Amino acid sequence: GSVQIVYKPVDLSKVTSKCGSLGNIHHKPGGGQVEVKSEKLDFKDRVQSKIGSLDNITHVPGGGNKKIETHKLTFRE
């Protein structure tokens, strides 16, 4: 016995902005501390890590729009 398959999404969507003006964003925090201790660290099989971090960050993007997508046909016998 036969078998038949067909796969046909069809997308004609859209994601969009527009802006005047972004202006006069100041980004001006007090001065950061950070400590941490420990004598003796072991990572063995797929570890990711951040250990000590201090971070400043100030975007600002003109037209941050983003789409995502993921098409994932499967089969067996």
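Whichever C-alpha set is largest while still superposing within 1.5 Å between the two forms counts as the rigid core. Residue numbers count along the first chain shown, from 1. What changes on going to the form deposited in another entry:
Positional change of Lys44 between these two forms reaches 2 Å or more at the C-alpha, relative to the superposed core.
Output the structure of the form deposited in another entry; the preceding block shows the form deposited in one PDB entry.
Next comes a single chain, given without company.
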């Protein structure tokens, strides 16, 4: 017995943007209050966390485009 696998996916996909001007962007928050109370924390594998935060983000990319692609080929005998 013989097994042949040919894995040849072809990609020609374009993700693109055009813009004239980014322009006036104003981000003026007036800060509040946050309180968190806890006794014990206990984190193990691959935990990702935020506790007690007051964060402001202004994010103005000129493009900001994304292309996420994953190829997988498991085999067994």
